[PDB]
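> Residues per chain are reported as follows:
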Amino acid sequence: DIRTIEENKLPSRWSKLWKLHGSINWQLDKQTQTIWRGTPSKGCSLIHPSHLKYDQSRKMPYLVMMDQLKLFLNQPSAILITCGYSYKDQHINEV
Amino acid sequence: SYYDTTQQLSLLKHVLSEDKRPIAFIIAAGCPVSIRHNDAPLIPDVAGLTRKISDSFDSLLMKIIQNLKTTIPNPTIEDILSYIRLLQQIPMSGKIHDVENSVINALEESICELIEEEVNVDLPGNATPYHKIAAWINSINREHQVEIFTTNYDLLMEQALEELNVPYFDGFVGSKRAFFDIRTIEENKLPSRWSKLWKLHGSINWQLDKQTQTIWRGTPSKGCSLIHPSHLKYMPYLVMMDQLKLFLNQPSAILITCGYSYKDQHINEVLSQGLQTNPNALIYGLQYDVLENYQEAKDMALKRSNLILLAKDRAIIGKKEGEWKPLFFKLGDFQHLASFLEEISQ
Amino acid sequence: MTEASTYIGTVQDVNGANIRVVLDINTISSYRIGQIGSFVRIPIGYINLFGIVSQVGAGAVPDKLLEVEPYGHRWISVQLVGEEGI
Amino acid sequence: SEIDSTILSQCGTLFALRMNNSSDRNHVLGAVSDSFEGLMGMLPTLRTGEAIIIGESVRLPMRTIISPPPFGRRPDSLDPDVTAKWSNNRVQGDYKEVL
Amino acid sequence: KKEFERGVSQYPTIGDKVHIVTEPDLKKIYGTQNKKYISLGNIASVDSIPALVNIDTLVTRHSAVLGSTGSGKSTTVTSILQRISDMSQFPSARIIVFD
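Residue numbers (PDB author numbering), protein chains in the order written: chain A, 192 to 286; chain B, 8 to 64, 69 to 245, 251 to 342, 354 to 373; chain C, 7 to 36, 45 to 100; chain D, 499 to 597; chain E, 101 to 199.
Just so you know, not all the hints are guaranteed correct.
Below are the DSBU-like pairs computed for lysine-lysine, each with C-alpha atoms no more than 30 Å apart in a straight line [what the hints assert, rightly or not]:
| id | chain 1 | residue 1 | chain 2 | residue 2 |
| --- | --- | --- | --- | --- |
| 1 | A | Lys244 | B | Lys106 |
| 2 | E | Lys127 | B | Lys341 |
| 3 | A | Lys250 | B | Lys335 |
| 4 | B | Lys341 | E | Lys173 |
| 5 | B | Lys221 | A | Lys279 |
| 6 | A | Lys250 | B | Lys336 |
| 7 | B | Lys314 | A | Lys244 |
| 8 | E | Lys128 | B | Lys314 |
Across the chosen pairs, the derived CB separations fall in these ranges [to be verified]:
| id | chain 1 | residue 1 | chain 2 | residue 2 | range |
| --- | --- | --- | --- | --- | --- |
| 9 | B | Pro267 | E | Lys128 | 28 to 36 Å |
| 10 | B | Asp305 | A | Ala269 | 51 to 59 Å |
| 11 | B | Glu370 | A | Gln266 | 43 to 51 Å |
| 12 | A | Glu285 | E | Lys101 | 54 to 62 Å |
| 13 | C | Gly59 | A | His212 | 50 to 58 Å |
Counterexamples of contact, computed for chain D against chain C with all Cβ distances above 10 Å [as the list claims (entries may be wrong)]:
| id | residue |
| --- | --- |
| 14 | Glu500 |
| 15 | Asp502 |
| 16 | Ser507 |
| 17 | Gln508 |
| 18 | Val530 |
| 19 | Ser531 |
| 20 | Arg557 |
| 21 | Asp574 |
| 22 | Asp577 |
| 23 | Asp579 |
| 24 | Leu597 |
By construction, these hints were calculated from the structure, which means they are not laboratory data.
Just so you know, even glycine gets a beta-carbon here, dropped at the ideal spot from N, CA and C.
Could you put the whole structure together from the sequences, leaning on the hints where they help?
Below is the structure:
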């Protein structure tokens, strides 16, 4: 689901978890770009999603997570804590 | 099953005569081909550039063409340029064509030099359609200024808009180096009088200075250009497409495409996303050809309701294909559209 | 900006071909303001609707407004004549 | 306003074009049996060609634009052209033959 | 989902939402599947709609055309007579004009 990210209407007690680099249970669909999450497929997984030509734009979980981080940072917050980051990624550093 | 031209033109004239609605434009490669300077066209279309490259350059060129055609239809200049840059991404890429590399790096420079020398054609006298469009731009003191998007590598828009001195802003700020700015793009805190012109596919005066990896515009150097369609640098393209997407989200926005063939892929997808996000957006697709030659446009029209596609013989409106009431609708031609704009200006 | 030159009022009643306009010019009374035989121009988006004044004063006020406030008469009655094409 | 009311009242369908004066409009409104106040106020300002078809031959009183006949054949009386004839130079006449 | 029939069944109450009629709705209203009705023109609002007019009631009941001389009533009558007397559709027409 994509739109419910943008309306951002979620329970206050509910937390949000985003996986920037992907997971080992994500699996794409041959028919169309789906990237559905379920039981870990035998051998098939989405690791480091960087080769999709942005086909079916906004369906890539990378861009939506990046935009979520950007919109959170643009919010007039006052706290952000990082741990274990090696600062070896240019895309995260630039944003 | 039937449509009449007069009512469509009347509706369009009603639309263009409102200053509350923001207005934009898309000036693709189909506009320059509509003006003749010499016996030959002033600027050939993409097929013209492909033919000129084919007959001007040989064995490795044909090998590359065969390799790309093995899985793709008739190519364009963008396709071969992207293939060349993708090969340049891999260091030891010279074994694919058995050329040992270091030759493609010069072939691409030769192609860039040929294209940059061919596209520099200068504008003819003050009777050009672009002059009429520029005159129409500043004719009315609209409260929302009109933005212009161009996929052309040339500078006809610049010459035409400067011949009738009008407010202008393309993102670059400066006088000697004209350093590209990003912040001033994002706050959008500019006076309403200043017009906005944006080149999605890059110009010919853009030079990559390397070194500090910075971009700057200005005088066109020899051989060094930034003609890149999209490129994959580690950027103006992404932020400028974001600007287009942000514009399409404005309430009651009108966008007119002239001479656009809809053959691009990212542009079509961002247009579809903008149309689906805000139902109040409205896009006038103007073509000069048989409607059967635009399959992607037909799919978009059948998918997005608020997209109006008008062709010479047939027209599809509101997910319902039809035909003109007794070719018609000469508004697809750039000259006729310019005459229409200049007559509605007064 | 504000109402430019050659401004009179706004349409406040339509009965097909009998327009009633409320005057906005306070005390101009001097091209003179709309007389009986004068013409007025009503632009709709692109085309201008030309009309002729027919009633000025208490004759143009709606019936219920007179019953409510019978001391203020700033209304004119316009009858449409034709339109300017393209 | 001249046609007998007892005759105009028996006509099933009326094609009300633009009527300028007030007697004709009143006489027409008094002889119609399916009146919509929205459309009956539109009579003085109908375009040259528009019609308001009212009566038993239509489901609803509709405001139409009658399809024009093809160009090259339109009703036109061949009355003498005053300006063209008066603009010509005067030639000598033979009034003996007229007698 | 049958058709458009004159006369309502239950009236609206306070707060009911009021919408605007779109072109397909107009086609539903001003359209019919009967074979007697004949298109004579187009509605003024949108030109894609045909103005269906019955022909049995037009002739059998009666007709009448009223309008000013500057409204071009002659062209309307000529178009109506030409449309009724089409050779391909009505090969056995019968009309007398008292010009």
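> All hints, please: hold or fail.
Here's how the hints hold up against the structure:
For a cut-off of 30 Å, the pair hint linking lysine 244 of chain A to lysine 106 of chain B stands: about 25 Å separates their Cα positions. Between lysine 127 of chain E and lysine 341 of chain B the CA atoms are separated by roughly 18 Å; this keeps the pair inside 30 Å, and the hint holds. At roughly 25 Å between alpha-carbon atoms, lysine 250 of chain A and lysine 335 of chain B fall within 30 Å of each other, so this suggested pair holds. As the CA atoms of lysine 341 of chain B and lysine 173 of chain E are separated by approximately 25 Å, the hinted pair is consistent with the 30 Å bound.
Using a Cα cut-off of 30 Å, the hinted pair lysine 221 of chain B and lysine 279 of chain A holds, with the two alpha carbons roughly 22 Å apart. For a cut-off of 30 Å, the pair hint linking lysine 250 of chain A to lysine 336 of chain B stands: about 29 Å separates their Cα positions. Under the criterion of a C-alpha separation no larger than 30 Å, the hint pairing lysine 314 of chain B with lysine 244 of chain A is consistent with the structure, at around 23 Å. For the suggested pair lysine 128 of chain E and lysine 314 of chain B, the alpha carbons sit about 27 Å apart, so the restraint of at most 30 Å is met.
At roughly 31 Å, the beta-carbon separation of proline 267 of chain B and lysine 128 of chain E lies within the given 28 to 36 Å, and the hint holds. In this structure the supplied range 51 to 59 Å holds for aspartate 305 of chain B paired with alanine 269 of chain A, their Cβ-Cβ distance being about 57 Å. For the pair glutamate 370 of chain B and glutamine 266 of chain A, the supplied restraint of 43 to 51 Å holds, since their beta-carbon distance comes to about 50 Å. For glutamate 285 of chain A paired with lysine 101 of chain E, a C-beta distance near 58 Å keeps the hint of 54 to 62 Å intact.
Judged by the Cβ atoms, the range 50 to 58 Å given for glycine 59 of chain C and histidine 212 of chain A holds: they are separated by roughly 54 Å. The Cβ of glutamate 500 of chain D lies farther than 10 Å from every Cβ of chain C, with a closest approach of about 24 Å, so its non-interface assignment holds. With 10 Å as the threshold on Cβ separation, the claim that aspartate 502 of chain D sits away from chain C holds: the shortest Cβ distance comes to roughly 28 Å. The Cβ of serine 507 of chain D sits about 24 Å from the closest Cβ of chain C, beyond the 10 Å cut-off, so the non-interface label holds.
Non-interface status of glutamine 508 of chain D relative to chain C is upheld: no Cβ of that chain comes within 10 Å, the nearest being about 28 Å off. In this structure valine 530 of chain D is separated from chain C by more than 10 Å, as the shortest Cβ-Cβ distance comes to about 15 Å. Chain C leaves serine 531 of chain D outside its interface by the beta-carbon criterion, the shortest separation being 20 Å against a cut-off of 10 Å. For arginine 557 of chain D, the non-interface assignment is confirmed: its Cβ lies about 22 Å from the closest Cβ of chain C, beyond the 10 Å cut-off.
Taking the minimum C-beta to C-beta distance to chain C, about 23 Å, the non-interface status of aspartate 574 of chain D holds against the 10 Å cut. Listed as outside the interface, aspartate 577 of chain D is consistent with that label: its C-beta sits roughly 26 Å from the nearest C-beta of chain C, beyond the 10 Å cut-off. Every C-beta of chain C lies more than 10 Å from that of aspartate 579 of chain D, the closest at about 27 Å, which supports listing it as non-interface. Under the 10 Å C-beta cut-off, the non-interface status given to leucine 597 of chain D relative to chain C holds; the minimum distance is some 51 Å.
Taken one by one, the earlier hints all hold for this structure without exception.
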